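Chemist: Each chain, letter by letter, is given below.
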Amino acid sequence: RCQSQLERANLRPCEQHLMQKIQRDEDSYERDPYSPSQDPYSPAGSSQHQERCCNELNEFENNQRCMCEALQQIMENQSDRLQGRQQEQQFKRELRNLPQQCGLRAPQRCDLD
Amino acid sequence: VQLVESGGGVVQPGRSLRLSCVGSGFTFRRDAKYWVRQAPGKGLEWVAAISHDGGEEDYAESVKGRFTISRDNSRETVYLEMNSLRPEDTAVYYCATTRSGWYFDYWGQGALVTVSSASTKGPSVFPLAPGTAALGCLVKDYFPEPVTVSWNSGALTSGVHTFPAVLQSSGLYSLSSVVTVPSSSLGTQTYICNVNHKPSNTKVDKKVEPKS
Amino acid sequence: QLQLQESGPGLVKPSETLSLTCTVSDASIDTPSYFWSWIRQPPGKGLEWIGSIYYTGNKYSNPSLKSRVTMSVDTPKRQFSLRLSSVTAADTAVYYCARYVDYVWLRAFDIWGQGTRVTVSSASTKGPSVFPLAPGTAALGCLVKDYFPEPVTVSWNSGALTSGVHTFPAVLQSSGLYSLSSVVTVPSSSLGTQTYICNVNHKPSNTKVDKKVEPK
Amino acid sequence: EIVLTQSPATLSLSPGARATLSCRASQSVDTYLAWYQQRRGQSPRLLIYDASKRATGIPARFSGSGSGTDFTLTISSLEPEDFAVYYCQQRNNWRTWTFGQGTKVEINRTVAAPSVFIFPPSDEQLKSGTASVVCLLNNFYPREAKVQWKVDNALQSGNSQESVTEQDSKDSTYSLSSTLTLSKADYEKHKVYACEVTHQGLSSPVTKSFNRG
Amino acid sequence: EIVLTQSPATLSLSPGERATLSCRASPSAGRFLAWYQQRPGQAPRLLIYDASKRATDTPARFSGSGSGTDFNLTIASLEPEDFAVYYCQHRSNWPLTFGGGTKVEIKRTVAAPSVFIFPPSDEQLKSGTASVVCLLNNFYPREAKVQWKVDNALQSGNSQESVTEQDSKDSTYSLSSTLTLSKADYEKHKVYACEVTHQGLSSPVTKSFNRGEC
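Here the protein sequences come in this chain order: A, B, C, D and E. Numbered according to this note's numbering, the first sequence spans residues 1 to 113. Numbered according to this note's numbering, the second sequence spans residues 1 to 212. Numbered according to this note's numbering, the third sequence spans residues 1 to 216. Numbered according to this note's numbering, the fourth sequence spans residues 1 to 213. Numbered according to this note's numbering, the fifth sequence spans residues 1 to 214.
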């Protein structure tokens, strides 16, 4: 069962690296005039640690089917913070080459949507 | 969670009317506010928009600077100051909120604004003598809307068709209400239409008979 | 084939901001995991990292140069630009452009640019002045002085004399004009029989001077 | 600017049947489009936002699809409360919001011929100097109908107003009343007044006429 | 933040001999390291990535080892093209830095320089100032000292020096020293001497020119 290996591993470091890459475009601008006002919130993120993210993904290397399941799990975890439907595009593009970022091989078939 | 609107009425052309929309059950200041109107027998049209804080105000080209939108977050109320009113502004105005700033998530019950120079006038009721016979009543030359028509003090509820009012060129509304009855029922049964126009305090009960 | 070509002015005013732009032949600007960086090498000194910029806007720069370094990326133009404000004479360096890989196994600049010589100084361009050096074994040469900037080629007898020729790197004088010396060792018996002419060419000044070295 | 086009403007579908709506933009608007529902005399409500997601509390029978310029709204089954007017909305350059012309969904029924009646103006109304003639169409379907006013066999144009009721809650039929407005002097000169009705349910037009009698 | 220190300042070895280059980072970087080879053709290039894997189009004689703090670069046979300047680069932390730089040169017997002094010509004396040039033909190693004396007076702060990049034909170095003096100050003194101290000379060799003998 591929699901058994997913529970043992933790994909949180992979999510941080992908979202921090977006970084919300360090420069200013793109302010919506009618955007929500927002307010102070009750609570710096962890370091890059892309090596740690690959180590978690190293388990799902031989099984390409298991690799895609791990990639889709990353999409589900961060499917709420992504807004605008073009930032989600940016998340999907980086997730596809995330196995390519490591020494692993990207799955041939995978549907992130 | 719900929006309440007030300030509708009848205003002569060239005058000014101010609308109000009070919000409750949610954080008024966290979202922007909008005003959308709907002319009778017409689709919705965006008119005015105000930001979550009033920083930026945008209006459609149909109103330009004639309309002013303002809000009071303390009162959870968004205003719409209408100036230099035109006959084309006669529409039912809605106020809307939006969390994301894109789509009108919630809507109010709507406030009716009528721009007409005609004065208040009582209706004139005229009879309409008759497989089955047909008869009705004519409500003509009244202002403003609306009027209520009932037959035999509410006894007749089947086959009663109250047509929507049509605005005549004179500025006075008019409509007709008809009811279908058995062909020979007119001999014994008596049919009376009750017309009520509250703005003019006019109540008329008219009897319709075929032969004159 | 992926290659990087850099363009920019070779002369920079002291306080004016330096602007540099590199064009990517393979147009991998939009490719993920590719940062675009600038590397400068001061003359006679090691390589120094200026900064790296991504296609999404976020960028990282040298901590000692962050306050003076700003970068921009033009994805349709396949160009990433570097702007360095408040230049100093210590900023004279050869500026490279290199692709920056963000993989776990690849963490280097895989492909580099040719390198554009950018020097900052208020001295205007000046033509070099050539003065001979009066000559067993005999030594003779030519002196090149009072010129700016410093592209210089020195050849002897139109390139015929190539044995025992030493063209020393120039040194920036206190007046802002470079100066160098190029000498060649020849047998003492050939001092008078053979005519030795040094050919110095200065591209920015469009001046090439042939100087003949003779015994004093 | 970016304009919206809703087509078809009117759909006649049986209850419990699948419904498909189309909204088209002049140029690409990405996935930023919303669908709204407005019942008879009711405030509009949000159905679909981002053209894919479903608004909170909306029944699962409402689904949205489409991207770029073309957009589709689909209803799996038409409930009695689903027969209403639907609009599509989109936002231009963070400044303006636009709507479509609207699409009306109506119940389908076997074609029923109208019942034509004509009412002469009352004598009480003639005392005021204005005469109005009313022609009644009762319980017809579809809504498409033509009413022609003929005064002494002369066609009348520009002197009549038409009013049509909403679909009846019992038989899902329509009712139409046409009022012809003429002056008292003009009414007295002419004697023959007729109302000719052309409808799908009638093989030939039916002309109801009245005289002094 | 992270400091990369290349302990070998310079190494001289004959071709075909093993060479070891050390890059050390007191803040640990781990498996993340790179190696570059800078040549006089102003074109640095990548040789070793991941601190252990050879890059593409790189000869197999290059090798490297990584441990997190100390890294070693080893070459089996030193081909003539390998004599260049090497830098190490890290990417464990975002403040990327390069190493100090190690230069490998060709081993050769110690060669004593030939010192020549050249008086300023009358051509540049016409348009003010002057230039006295002292030259070293071929000296090995690159370490050398040039002293300028004007009438037995030590000169400081008025001379400039340069060194060639080890001409491959002789595998030695050449040095040029220019003493810049004004025309008025030049005529104040007649005896000018240049003293060169080098490892290949048992005693310092001084070359002096006198204007009288011309």
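Everything labelled a hint here was simulated from the structure, so no lab data went into it. There could be a bad hint or two in this list.
Claimed, not checked - With a cut-off of at most 20 Å between alpha-carbon atoms, the simulated PhoX-like pairs for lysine-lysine come out as follows:
no., chain 1, residue 1, chain 2, residue 2
1, D, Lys189, D, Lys127
2, B, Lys206, D, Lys189
3, D, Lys104, D, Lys170
4, B, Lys121, D, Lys170
5, B, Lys211, D, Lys170
Stated by the list, open to error - Some chain E residues close to chain C (C-beta under 7 Å, calculated; not the full set):
no., residue
6, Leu46
7, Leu47
8, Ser77
All C-beta atoms in this analysis are idealised placements derived from N, C-alpha and C, irrespective of residue type, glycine included.
Chemist: Does each hint hold? Answer for all of them.
Modeler: Status of the hints after comparison with the structure:
no. : hint                : verdict
1   : D:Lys189 / D:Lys127 : holds, 16 Å
2   : B:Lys206 / D:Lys189 : violated, 29 Å
3   : D:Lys104 / D:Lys170 : holds, 19 Å
4   : B:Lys121 / D:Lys170 : violated, 35 Å
5   : B:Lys211 / D:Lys170 : violated, 32 Å
6   : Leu46               : holds, 5 Å
7   : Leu47               : violated, 9 Å
8   : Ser77               : violated, 24 Å
Hints 2, 4, 5, 7 and 8, counting from the list given before, are not met by this structure.
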